[PDB]
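Take a look at this single chain, the form deposited in one PDB entry, given in structure tokens.
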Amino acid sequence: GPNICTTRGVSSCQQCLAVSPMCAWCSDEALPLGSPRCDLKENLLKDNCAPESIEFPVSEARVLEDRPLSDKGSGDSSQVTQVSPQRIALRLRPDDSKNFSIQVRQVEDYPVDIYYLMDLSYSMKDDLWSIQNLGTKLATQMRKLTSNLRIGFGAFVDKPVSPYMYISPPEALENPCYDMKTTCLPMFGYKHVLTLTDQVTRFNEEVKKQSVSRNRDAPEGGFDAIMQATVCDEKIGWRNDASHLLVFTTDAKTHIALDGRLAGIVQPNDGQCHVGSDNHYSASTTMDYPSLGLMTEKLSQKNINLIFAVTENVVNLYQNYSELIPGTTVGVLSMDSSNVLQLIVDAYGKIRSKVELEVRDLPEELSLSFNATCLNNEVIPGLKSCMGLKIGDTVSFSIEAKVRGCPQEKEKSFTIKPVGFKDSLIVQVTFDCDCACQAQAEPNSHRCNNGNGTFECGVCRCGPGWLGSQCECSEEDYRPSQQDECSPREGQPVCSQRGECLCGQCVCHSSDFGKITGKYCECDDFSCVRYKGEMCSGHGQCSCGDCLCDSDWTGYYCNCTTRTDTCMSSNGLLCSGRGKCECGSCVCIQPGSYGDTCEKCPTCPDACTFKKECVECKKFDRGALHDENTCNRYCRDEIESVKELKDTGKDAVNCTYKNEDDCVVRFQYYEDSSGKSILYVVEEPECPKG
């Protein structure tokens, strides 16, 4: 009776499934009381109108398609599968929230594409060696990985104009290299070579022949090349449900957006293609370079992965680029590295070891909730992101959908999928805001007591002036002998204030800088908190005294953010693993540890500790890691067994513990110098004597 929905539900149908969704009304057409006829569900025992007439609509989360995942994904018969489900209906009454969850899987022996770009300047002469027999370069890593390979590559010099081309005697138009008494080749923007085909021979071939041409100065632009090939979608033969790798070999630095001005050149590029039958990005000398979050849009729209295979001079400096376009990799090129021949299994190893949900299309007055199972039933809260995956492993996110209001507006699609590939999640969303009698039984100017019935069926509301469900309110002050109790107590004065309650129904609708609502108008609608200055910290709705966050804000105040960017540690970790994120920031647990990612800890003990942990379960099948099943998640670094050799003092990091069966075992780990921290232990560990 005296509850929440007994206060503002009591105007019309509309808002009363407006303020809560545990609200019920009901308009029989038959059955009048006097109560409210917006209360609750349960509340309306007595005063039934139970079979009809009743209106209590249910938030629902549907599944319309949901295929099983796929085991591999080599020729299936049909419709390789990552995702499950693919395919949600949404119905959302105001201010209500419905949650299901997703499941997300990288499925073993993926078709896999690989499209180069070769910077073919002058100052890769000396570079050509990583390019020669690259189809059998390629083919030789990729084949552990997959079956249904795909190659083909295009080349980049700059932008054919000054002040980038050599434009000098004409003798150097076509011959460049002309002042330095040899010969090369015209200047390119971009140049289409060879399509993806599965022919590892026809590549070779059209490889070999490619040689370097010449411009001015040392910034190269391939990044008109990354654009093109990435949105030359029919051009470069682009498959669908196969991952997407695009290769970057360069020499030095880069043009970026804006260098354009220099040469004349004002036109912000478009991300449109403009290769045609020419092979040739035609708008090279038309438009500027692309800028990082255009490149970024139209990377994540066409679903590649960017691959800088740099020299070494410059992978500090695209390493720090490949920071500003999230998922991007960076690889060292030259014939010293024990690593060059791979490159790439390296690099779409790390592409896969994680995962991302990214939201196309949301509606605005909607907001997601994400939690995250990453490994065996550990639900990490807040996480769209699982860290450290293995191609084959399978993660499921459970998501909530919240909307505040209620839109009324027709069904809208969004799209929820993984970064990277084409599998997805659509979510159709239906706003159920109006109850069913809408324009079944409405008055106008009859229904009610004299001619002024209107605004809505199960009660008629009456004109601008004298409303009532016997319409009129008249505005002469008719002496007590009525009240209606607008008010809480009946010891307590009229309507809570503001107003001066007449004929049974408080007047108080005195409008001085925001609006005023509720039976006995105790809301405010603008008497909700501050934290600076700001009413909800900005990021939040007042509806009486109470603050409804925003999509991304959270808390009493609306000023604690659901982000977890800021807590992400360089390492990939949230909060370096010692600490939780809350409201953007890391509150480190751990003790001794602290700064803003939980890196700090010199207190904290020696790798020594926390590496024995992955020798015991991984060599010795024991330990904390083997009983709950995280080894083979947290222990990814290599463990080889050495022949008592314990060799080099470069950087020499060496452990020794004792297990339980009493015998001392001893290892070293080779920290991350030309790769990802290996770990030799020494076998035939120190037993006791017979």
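Rigid core: the largest C-alpha set superposing within 1.5 Å between the two forms. Numbering follows the first chain given and starts at 1. What changes on going to the form deposited in another entry:
With the core held fixed by superposition, the comparison between the two forms singles out 336 as the only member of 336, 234, 179, 278 whose CA moves by at least 2 angstroms. After superposing the rigid core, the C-alpha of residue 650 moves by 2 Å or more between the two forms. Comparing the forms between the two forms on their rigid core, the Cα displacement of residue 415 stays under 2 Å. The rigid-core alignment places the CA of residue 467 2 Å or more apart between the two forms.
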Contents of the next structure:
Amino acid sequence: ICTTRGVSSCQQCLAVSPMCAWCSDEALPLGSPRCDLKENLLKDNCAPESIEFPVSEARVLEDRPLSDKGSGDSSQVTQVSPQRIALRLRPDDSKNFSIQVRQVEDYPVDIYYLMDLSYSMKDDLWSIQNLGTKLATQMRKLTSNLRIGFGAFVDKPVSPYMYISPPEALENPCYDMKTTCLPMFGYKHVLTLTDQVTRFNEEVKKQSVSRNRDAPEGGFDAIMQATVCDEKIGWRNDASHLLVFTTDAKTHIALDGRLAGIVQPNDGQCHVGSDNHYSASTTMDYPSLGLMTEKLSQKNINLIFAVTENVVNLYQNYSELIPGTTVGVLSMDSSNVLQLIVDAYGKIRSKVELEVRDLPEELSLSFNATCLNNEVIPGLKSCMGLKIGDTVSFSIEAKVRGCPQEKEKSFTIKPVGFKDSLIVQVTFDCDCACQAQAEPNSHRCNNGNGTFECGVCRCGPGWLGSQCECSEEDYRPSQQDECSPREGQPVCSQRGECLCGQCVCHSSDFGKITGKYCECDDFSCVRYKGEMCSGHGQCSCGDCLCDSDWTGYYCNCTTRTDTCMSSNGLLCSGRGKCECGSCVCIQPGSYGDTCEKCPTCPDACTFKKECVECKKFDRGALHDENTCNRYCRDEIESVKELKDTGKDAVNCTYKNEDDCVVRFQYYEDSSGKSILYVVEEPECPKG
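Show the form deposited in another entry, please, because up to now only the form deposited in one PDB entry has appeared in this conversation.
Single chain only below; no partners, no other molecules.
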């Protein structure tokens, strides 16, 4: 190909394949110097710097090195590299590039404490009177530049949420219960982010709880305003952002405001004025999960759900819909936030997932992720279970379907929550540079509209080729050949009825026919469930051009891996491959949508001793592969006597390569982590 079936004119000779090429002549060898491949066009003639064979590039325009510490005047912490690549693609071509992301050791951290202040939070507001400076000492071990702030919320200050009567209850909603609580508020911002941790403890204990009627409280109103008011709250664009949501009750979701007569949809805009109160609280509905997801991602905000046990399962299933948000069990008196914040920051800094913004739909992106030492995981744009200081790499591929004249759009690739990003400037070249020649349409090829293209002349009604017009019978066939590229059978694709030395493809209906021999067409592709290219790809001459995120001959194989993801995080539970968004279990006896079910598999004892041997004896498999403390995230502590405490525990025994009997225990905690108690002094043969 490129030698037939594609030589019509440039600006279309390139759209056949990234292999073809065009030419001027300075002469005109008739011969067969068609739209042929280079090194075949570079076999005959026409190479005085006239090839018109553009190659696709991935030139980087800026790649600063990855920093080691996120502190100080060696500015531009640069957690991502490179930072800007120029991408230049020809039609139906693709180029690949890489990107590295690092969890820098000492990255500034600001924590905004967003607290529910309904009456059940009275005990909580007390036990956090000094948990600001207590938090300073703890976070200081992970970041030298720490900021904190405070914000509070109750609910929409309107009926049926607010205590509206008697009139003496607007100043004391705790009126009918013989006590005092200050009037309720929508969302209150008290302290903007500051590095003075005592300034935090001062603002607390200046606060007091309020009272509400209905159980659900409007905190999504506060979560939204704390995210998009980055000016008012003072998020450092160079800092890891933590928003701590502390509540002990259900939440109001979007469209709940209809009962209060609030039907204006939430806009993701800031409405906290100089009075530090959410002014639009009574006039605007609650935000939807989709809007919160959009704005949390745009502002690089990590949402931490610090909720009580009675409602922890609820916010868990909420976090599954707001990816990147972690939930934490909170004690009834908020005596647990300090440890809960640290445990949350560790979870956040443990993952890295790439997101794509402003991607032109004309091209698609593939991802092969390298999270471990050197083992690459195809089809993944995220790495799990990392510790600060690690660095992971992703290889990316961008391929265009045809190519428009969009005027070189650009898009962004970056991880969630990070300020640093890779900006990719796309640029399409879909035509030779010779079609600007200023020889408009003229002499040598039938003054009757003629033309002069890059070296041919696509005449008007009858384009003889270098001459013109066997338009109606003028012929008495004088070039009746070359119209069947075997010349022993009907002379056309059997559609077109060759005349003029240019088979005029007839039967222009039910699609469109093209090709020099009319070999090509639409609607000649394959079907999967009855739809052409499964309704997921263009049909280009019997071949499907799959849309973005579709592969395979039938364009029925997804590139998605989310339906391959399990409740543990690993796709197919490490027991099978993920082909076309579905698992293909490899371990014998395993099955299920994520290969999670395997009742005939070995017990946990066989899987956890692999960790006891490499973490406590520095040997055995899982240490030769240097995967020991990436898979063995369990907490191990050599102890004695296995003191029979816990019912969700299993005691395991085995004989190591030293002929000694090792004994340990495995214990999990209700959505908490797991611990292995290894008995010191195993039983060895006597002297």
